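Quick setup: one chain, the form deposited without this ligand, written in structure tokens, and binding and motion questions come after.
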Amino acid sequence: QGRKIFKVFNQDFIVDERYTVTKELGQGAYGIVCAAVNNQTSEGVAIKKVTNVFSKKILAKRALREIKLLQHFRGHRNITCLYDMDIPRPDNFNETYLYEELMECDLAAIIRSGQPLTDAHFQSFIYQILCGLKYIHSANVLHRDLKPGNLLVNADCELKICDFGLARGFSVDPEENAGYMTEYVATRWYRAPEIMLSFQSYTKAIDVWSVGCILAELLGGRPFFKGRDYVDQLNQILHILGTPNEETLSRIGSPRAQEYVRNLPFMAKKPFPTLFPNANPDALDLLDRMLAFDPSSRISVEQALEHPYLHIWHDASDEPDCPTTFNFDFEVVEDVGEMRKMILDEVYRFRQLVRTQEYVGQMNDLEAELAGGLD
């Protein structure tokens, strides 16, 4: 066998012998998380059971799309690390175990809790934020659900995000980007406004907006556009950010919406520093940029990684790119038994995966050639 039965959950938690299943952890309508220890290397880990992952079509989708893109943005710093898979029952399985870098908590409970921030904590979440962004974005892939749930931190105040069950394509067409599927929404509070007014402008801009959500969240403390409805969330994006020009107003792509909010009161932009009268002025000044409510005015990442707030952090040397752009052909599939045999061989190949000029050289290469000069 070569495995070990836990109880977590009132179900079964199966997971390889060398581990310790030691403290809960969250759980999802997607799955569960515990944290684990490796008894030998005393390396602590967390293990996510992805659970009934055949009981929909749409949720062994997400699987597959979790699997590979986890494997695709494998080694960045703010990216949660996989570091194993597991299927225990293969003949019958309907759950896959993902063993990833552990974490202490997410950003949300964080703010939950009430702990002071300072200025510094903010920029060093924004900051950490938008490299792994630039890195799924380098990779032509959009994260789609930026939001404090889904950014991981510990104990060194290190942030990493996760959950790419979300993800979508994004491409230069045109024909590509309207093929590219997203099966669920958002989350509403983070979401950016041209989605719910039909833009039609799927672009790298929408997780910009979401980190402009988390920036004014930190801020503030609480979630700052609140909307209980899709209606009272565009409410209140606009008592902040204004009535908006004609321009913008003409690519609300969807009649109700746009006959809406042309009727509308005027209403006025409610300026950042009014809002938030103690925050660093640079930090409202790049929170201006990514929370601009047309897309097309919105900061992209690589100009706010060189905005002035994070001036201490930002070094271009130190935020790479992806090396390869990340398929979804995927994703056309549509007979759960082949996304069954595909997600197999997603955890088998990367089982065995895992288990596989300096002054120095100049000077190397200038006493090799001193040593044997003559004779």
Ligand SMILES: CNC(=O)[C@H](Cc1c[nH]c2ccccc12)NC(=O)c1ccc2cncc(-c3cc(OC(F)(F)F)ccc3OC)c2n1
Given for the second form:
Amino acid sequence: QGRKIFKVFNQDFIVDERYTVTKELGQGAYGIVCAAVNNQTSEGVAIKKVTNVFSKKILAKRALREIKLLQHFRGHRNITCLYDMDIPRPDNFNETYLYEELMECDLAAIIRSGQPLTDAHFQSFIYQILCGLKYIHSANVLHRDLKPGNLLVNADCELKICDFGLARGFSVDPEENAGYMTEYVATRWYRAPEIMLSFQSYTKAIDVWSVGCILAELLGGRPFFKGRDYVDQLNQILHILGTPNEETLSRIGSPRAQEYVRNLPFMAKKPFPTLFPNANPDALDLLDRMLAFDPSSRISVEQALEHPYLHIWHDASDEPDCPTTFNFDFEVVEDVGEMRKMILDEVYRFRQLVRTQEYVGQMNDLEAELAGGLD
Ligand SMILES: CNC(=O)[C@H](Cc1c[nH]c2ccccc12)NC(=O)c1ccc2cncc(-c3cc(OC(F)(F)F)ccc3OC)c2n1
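Having looked at the form deposited without this ligand, could you now put up the form solved in complex with this ligand?
Everything in the complex follows now, all chains and molecules, and the chain you saw is the first one.
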């Protein structure tokens, strides 16, 4: 066997025998998560039981998407690192276990706690997000659902992005970009306006917008655009950013939406200094650029990393790109039996994988020559 069975969330939770489940962390539409310790090494881990994987084609597609994306993005300081995967009952398996780097809080909880945060905390959080996002984007992946809840934080206030279940491909080739699959809808409060407005310009700017909403939420201590539905969300965005210009207006590819926006009364932009009069002016300038209504005017991740607000943190030599782009060919598979086969392949291949000039060099070279000279 080699495994232990725990009872959590009123169901079986079957883990590697090296681990002891310590604590229930949460449950969502896709499974349940517990914290655990490696009893030998005392290392902590989050164990995620992805549940009912083959109950719906959509659940199996999401599981396979998360499994592959998590592997692609291991080894970044600001991204939750996948350590292991396991399928304890492979005969008729309807679940997969992912073993991920454990994190004590999330940014939504920290903001909820009301604990005091300094402008330096805000800078650190935004910087870390953008570093992780630069890595993800450099692989031509859009996270697509960034929000305080998926930004995990430990006691050192170190921050890591999690949850690739809704991520989406991106391509500069319009035909390819339009074919990338989007099974689930992202979180309304944080979703970029060009999406509900059918700009058809699905771009990396959609994530930058979410980062802006997060910065705004840090500055005010509460969600910035808190729409109860999409009409309400639109009205709240426009009430802050104001009537867009004719060019932006004409990019609204949805006729009811364009009609609605065009007929609204004039609305002046509400300047962010009036809304956050105690904030650092550099924070509000970067906020203004991240919450540009029109994606074409929105700051890019790399420009944001170079913004004066983050100049203390910015070290381009310390902001790596991902070595390769991620391949989304799998998402054309529509047969669940084949998705099962592919998930087994992913898990077994990953399991074997994880179980496998400078001054000194110049002087070592010179030393070897000086010893092996004459004679
Ligand atoms: C908002 N988005 C998510 O929270 C997804 C949800 C998700 C994506 N795929 C899944 C498959 C099965 C079950 C859940 C998921 N969490 C993760 O990606 C994930 C990654 C590394 C983690 C490392 N340490 C802790 C957690 C954690 C889990 C919790 O439990 C919950 F249930 F996740 F809330 C609650 C708080 C936590 O940290 C403070 C972690 N969480």
